[PDB]
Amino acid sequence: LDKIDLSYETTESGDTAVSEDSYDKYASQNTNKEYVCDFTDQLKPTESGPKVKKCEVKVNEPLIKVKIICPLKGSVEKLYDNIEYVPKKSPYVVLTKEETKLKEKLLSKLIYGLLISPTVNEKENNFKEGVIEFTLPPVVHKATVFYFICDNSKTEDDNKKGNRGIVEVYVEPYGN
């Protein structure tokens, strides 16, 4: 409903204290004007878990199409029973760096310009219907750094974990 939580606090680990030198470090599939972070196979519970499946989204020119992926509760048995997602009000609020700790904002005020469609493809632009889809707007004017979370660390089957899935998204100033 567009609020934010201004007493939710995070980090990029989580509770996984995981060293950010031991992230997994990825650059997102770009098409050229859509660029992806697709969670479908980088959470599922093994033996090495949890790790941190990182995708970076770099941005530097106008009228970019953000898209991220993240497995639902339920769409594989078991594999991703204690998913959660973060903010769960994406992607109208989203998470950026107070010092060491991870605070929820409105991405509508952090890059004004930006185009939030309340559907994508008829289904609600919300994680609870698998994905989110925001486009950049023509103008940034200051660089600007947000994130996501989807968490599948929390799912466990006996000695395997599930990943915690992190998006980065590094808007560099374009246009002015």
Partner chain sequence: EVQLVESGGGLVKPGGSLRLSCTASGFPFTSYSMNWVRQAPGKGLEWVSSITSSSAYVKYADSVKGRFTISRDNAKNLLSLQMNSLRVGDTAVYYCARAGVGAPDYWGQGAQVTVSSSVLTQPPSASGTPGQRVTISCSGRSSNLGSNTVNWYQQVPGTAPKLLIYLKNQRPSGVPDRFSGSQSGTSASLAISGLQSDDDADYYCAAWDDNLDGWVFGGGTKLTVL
Contents of the next structure:
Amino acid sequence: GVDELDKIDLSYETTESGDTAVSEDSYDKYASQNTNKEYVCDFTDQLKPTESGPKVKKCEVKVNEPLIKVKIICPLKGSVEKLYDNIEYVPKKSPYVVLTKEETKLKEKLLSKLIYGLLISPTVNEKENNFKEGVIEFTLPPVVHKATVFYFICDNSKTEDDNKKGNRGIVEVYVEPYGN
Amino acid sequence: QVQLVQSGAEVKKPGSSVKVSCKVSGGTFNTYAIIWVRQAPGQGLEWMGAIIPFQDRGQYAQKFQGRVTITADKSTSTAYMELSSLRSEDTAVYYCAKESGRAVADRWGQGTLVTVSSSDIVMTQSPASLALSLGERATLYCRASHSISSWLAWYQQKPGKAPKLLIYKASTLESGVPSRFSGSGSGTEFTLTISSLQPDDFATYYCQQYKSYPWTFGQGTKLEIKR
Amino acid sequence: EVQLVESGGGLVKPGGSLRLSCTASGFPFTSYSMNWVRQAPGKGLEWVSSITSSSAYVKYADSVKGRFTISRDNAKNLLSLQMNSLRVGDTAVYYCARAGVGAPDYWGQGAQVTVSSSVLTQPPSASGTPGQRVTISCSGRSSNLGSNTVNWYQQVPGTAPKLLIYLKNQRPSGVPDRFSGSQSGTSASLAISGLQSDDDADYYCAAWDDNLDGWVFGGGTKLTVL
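Given the form deposited without the partner chain above, produce the structure of the same protein in the form deposited with the partner chain bound.
Expanding to the full complex; the earlier chain stays at the top.
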């Protein structure tokens, strides 16, 4: 489909674990902070370099009701000296571009071609809706016909302080059908 | 840790159907792929299909298309592989496996014996067999007919057991694998090396590409002790 | 070592113009949106304008729409605010404030601008003796607090607002655990435990308003430590 050949990288491939070598049964899995209609995944304090690193921090966002708004916060490099120097986020074009599992690897997909009727506002408060500024947002539509799963990454595992290593953030947005 | 439990053995007549179950306990079931691989008696491994349960639709190898169904019951965390129009040639041990976020199938069921009685990447492995003594350096070769980048895994299979993953991404050792194992290669030529052979090493080793379905295996290298 | 330094302030005749500038240090300027907030003498905080990192999206308050223009040069780590057709109502300290995950997290000392010849609701006063747990409340509408997290500022007179609570209940590094914030529906409040004389100051709640497309502040509450 055209418009996809112009916005996504068809050659991109990654995995949930990345280069951490941690299997999913050893992830630190936890649920998003859900308040009213807003489900939030905040990695502000989850990814700092630790002795045991690299760890995988997976935030699970489970949606089965309409008009839910998802906010994801990924600390910027420089926010705290030394701790996020090598932090990276994927896709760079989030939330317009997301990762979906094709076969057994994560590849790029346009979120608007995945959850139709989605709303992505260009701004988050006064900021740009992009991990470049530290936070992304999108609002799911009143109706979803099919189960959908897509991922975001906020990886500080390549950052090293002392002998400590940062953790790898993962967001899984599991949108079960709703609205009939 | 994750455990996959399959249904019991089954004897079937030619032309009938068989359904093998696979119960996953521990870990997450709905968003990770379940794989089905069979192995005829004394033969190599053969990928049949896969399924990510939340999608409710499976993917299949052309050999079995129109003849097999892979389902998943999310309420019981149980995957099924149903194979119709059975043959004597379908006599094999059928394994289910699961990927765990590292793309490779690193969790395997015990296998289920089914006896029937009344443009794909080609992996080439050498030597077919290797006879060495303890303390000696072992070197196994594996070639891919098309570039697979670094999406290559090395399995150790003892008799009667399921494949055990030793190396993924060409050279990443699975946890618990001793350092005397090492992997190397990129593109089309890969090697598995055992720096000093130990008693537990003598088995049959397979390489497998997981760049693209249908996943394909080499015919293995039987590494046995020298007289 | 993040710092924001304004300049250009001074006395302007009613109807004249003035160019404010703010120069940034200590952080990647290209990774942060910027704001201008103004505080008239004796009064509270009023958001003026915002500009995104790439200058792709500018937003203004209707108080200043048509007269004010925000710009940035990231090669010069520069933020700018041209102010035209000024009025006595525009008399205020003009802070440049870096945008945070919630409300703006770092502020400059402010440029004094003198021109001479919809809101959050806070209690006007709050008091308590040392050691007590005092409460300051904040209520709004569904366009702000009904769909956006609250933030809390502490301003000692003569200095810039200091961020205490962002994103409802998060504390910036260096803020004691005795400060905590809660929020429910269109209501919210701030809790200050172990009250001490060092807390005697004004407190503002802040949240985004989707209808206004800008930051809204509370009128402010003066906490006196008895």
